[PDB]
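**Q** What follows is each chain in one-letter form.
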Amino acid sequence: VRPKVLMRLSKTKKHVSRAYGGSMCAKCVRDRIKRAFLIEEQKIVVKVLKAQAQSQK
Amino acid sequence: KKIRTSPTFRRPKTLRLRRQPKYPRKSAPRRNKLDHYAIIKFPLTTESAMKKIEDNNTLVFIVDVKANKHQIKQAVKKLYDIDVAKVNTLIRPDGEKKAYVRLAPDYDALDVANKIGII
Amino acid sequence: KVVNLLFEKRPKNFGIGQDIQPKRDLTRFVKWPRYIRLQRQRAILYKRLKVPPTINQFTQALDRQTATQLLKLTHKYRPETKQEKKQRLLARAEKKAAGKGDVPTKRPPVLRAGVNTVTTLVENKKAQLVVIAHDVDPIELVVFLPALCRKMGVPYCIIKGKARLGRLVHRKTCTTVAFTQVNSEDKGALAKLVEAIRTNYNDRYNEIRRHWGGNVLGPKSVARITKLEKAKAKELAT
Amino acid sequence: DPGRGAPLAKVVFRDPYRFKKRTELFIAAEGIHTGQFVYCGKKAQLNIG
RNA sequence: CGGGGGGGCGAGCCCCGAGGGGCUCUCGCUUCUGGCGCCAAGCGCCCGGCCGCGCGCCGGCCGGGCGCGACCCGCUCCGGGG
RNA sequence: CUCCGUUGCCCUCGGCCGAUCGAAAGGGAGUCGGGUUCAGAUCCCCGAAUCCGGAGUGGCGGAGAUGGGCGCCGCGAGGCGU
Ligand SMILES: [Mg+2]
Ligand SMILES: [Mg+2]
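If you read the protein sequences in the order shown, they are chains A, B, C and D.
Each residue of the first sequence is one higher than the last, beginning at 726 in this note's numbering.
Each residue of the second sequence is one higher than the last, beginning at -5 in this note's numbering.
Each residue of the third sequence is one higher than the last, beginning at -9 in this note's numbering.
Each residue of the fourth sequence is one higher than the last, beginning at 196 in this note's numbering.
Hints listed in this document are in silico derivations from the structure and should not be mistaken for laboratory results.
Any given hint might turn out to be false.
As the list claims (entries may be wrong) - Derived Cβ-Cβ restraints for the label pairs, each shown as a range: (1) D:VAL233 with C:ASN3: 15 to 25 Å; (2) A:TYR745 with D:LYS205: 19 to 29 Å; (3) D:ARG209 with C:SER211: 28 to 38 Å; (4) D:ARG209 with C:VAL206: 36 to 46 Å; (5) C:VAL133 with D:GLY236: 46 to 56 Å; (6) D:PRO211 with C:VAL212: 30 to 40 Å; (7) D:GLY198 with C:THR216: 48 to 58 Å; (8) C:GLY5 with A:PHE762: 21 to 31 Å; (9) C:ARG157 with B:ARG13: 34 to 44 Å; (10) D:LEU203 with C:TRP202: 56 to 66 Å.
What the hints assert, rightly or not - Over 10 Å on every C-beta distance to chain C, these chain B residues come out as not near it, computed from the model: (11) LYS35; (12) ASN50; (13) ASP105.
The beta-carbon is built from N, C-alpha and C at its ideal position, and this holds for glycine as well.
I would like the entire structure built from these sequences, with the hints used as guidance.
**A** Laid out in structure tokens, this is it:
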């Protein structure tokens, strides 16, 4: 609906009840989740490989 | 040592005082010229206005052209110890501002016509 | 354990592109408005250029040890304030028409303030010492004065601060000052300064008169030009 | 970009210094696909974009 | 930024006692994936109140402040000419 | 002078981007049936509406929100203490 109309409407008509709800489209949130592991985890895997490279050296 | 976080210089915000004038700059305050005798000039008595009084609980007024509705309302109220539901103004081709004033239902136009002398 | 397990560390790292950078002082990386920028690079030019002797002498100045004796000495001696003036007159008006008064008294010796006052009584050899401010704005007004002072054989000196020199005499600023006479008791301290000053000034002139005083580059340039003389030394000193 | 043979590319970095996101307009080098990280500056590696 | 100075994982050289030091480099630390990243944690050092021990810069509770973190100094806001 | 408001100063935070005008056809919330005049009618009236702003003191409902545990006392519905 024509955007100024949103000021009349209730909160619940404008989102869906979630993370990134009503701005982002599920399919991209659920990748943003399981990207946000594997970025995080593989800093840990580089963190320990770096620690083992300096333990070797 | 009050370090500069930002790389702009913005002017310092100074103190700036309030007018303490040594005289008033004009002697007296101007007498108010839009009054409860001046803002209303005359009620119309046209047939399409008698017809409007009797049928619609209104009164048709010519009004001073700088008048607002809350001025016309606190005029018509002040004078014909009346009270006003709503005001509704136009400018006649002639420059005369009309304003036809609906009077609250408790209260009649056809009586307050004869008080103000029209009819 | 008086150490709740939760309070941790979260130590950030501000390498390029890592965690976002914090707030350093930037006073050199900031936009210095047009008075400042300007006044900043007057002081630079005024070292960068080859400044003349006559304008140089207005850098080399007195030191704490000498300066503070001078400004002690003057404090016996500042010209009458206003109010202090009034009771010099008012007391003579009552003393005249009561208990005798020829009314010359003896005008106690005091300072002398401005330039075209000083220079006359330097050109008259009527001065023991002359104090000159260094920072004077049109330098014109005190360029000569040292030269003039040494020709008349008058001890001159260059104190810092036209303000603190212009605070003796009760004003904002002053460019010169002078003791013509002194109180008898106070003459040992005057003649103590005089001999100390003119070893250091009047009897220097062919050291002062021919000393140009700028021609000094920026430390950024100097650091670079010197870093090439470690290249040229260590080419054929090794 | 009208009146211009090259396509542009909007490339969002982020300001290394204020929490925000600067965006720019590089002239698209050929082989700029959409979704590329583009490395910039002295220490950057030698590849396209 | 230019100098300086910390760091230090590391390389060259110099020294060395085999602990280590000096000089040189390197860094100044973010590259497999449309991921997150500000308003500061941590340590330190202090002060107000309040409570407990009572000596109270002992301890608790409540509430603040500064230092490091985030090296120090400068003289041209950075770059290119002249 | 409660608490609130208002203002004074002190500390704290804020990039912008150009003093300003430019649409009766571009961008821009919300009004429509019926009635009515000689001439006017989303304009007047009747009825149905609707937007924006205000609502402080909060006008009134409803949400926040009404458990569980433990411990007693009560047949049991249950009551109380924590
Ligand atoms: Mg406009
Ligand atoms: Mg339009």
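**Q** With reference to the structure, classify each hint as holding or not holding.
**A** Now for the hints, and whether the structure bears them out:
1. D:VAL233 with C:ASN3: 15 to 25 Å: Roughly 23 Å apart at Cβ, these two residues keep to the hinted range, so it holds.
2. A:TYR745 with D:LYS205: 19 to 29 Å: 22 Å, holds
3. D:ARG209 with C:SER211: 28 to 38 Å: At 37 Å between Cβs, range holds.
4. D:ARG209 with C:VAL206: 36 to 46 Å: Hint holds: Cβ distance 44 Å, inside 36 to 46 Å.
5. C:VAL133 with D:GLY236: 46 to 56 Å: 55 Å, holds
6. D:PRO211 with C:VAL212: 30 to 40 Å: 32 Å, holds
7. D:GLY198 with C:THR216: 48 to 58 Å: 54 Å, holds
8. C:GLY5 with A:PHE762: 21 to 31 Å: The hinted range 21 to 31 Å holds for C:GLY5 and A:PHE762, with Cβ atoms some 24 Å apart.
9. C:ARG157 with B:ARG13: 34 to 44 Å: Holds: the Cβ-Cβ distance is about 37 Å, inside 34 to 44 Å.
10. D:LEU203 with C:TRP202: 56 to 66 Å: About 58 Å separates the Cβ atoms of D:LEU203 and C:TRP202, which means 56 to 66 Å holds.
11. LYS35: 62 Å, holds
12. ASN50: The claim stands: B:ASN50 keeps its Cβ more than 10 Å from every Cβ of chain C (closest is about 70 Å).
13. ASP105: Correct as stated: the minimum Cβ-Cβ distance to chain C is 76 Å, above 10 Å.
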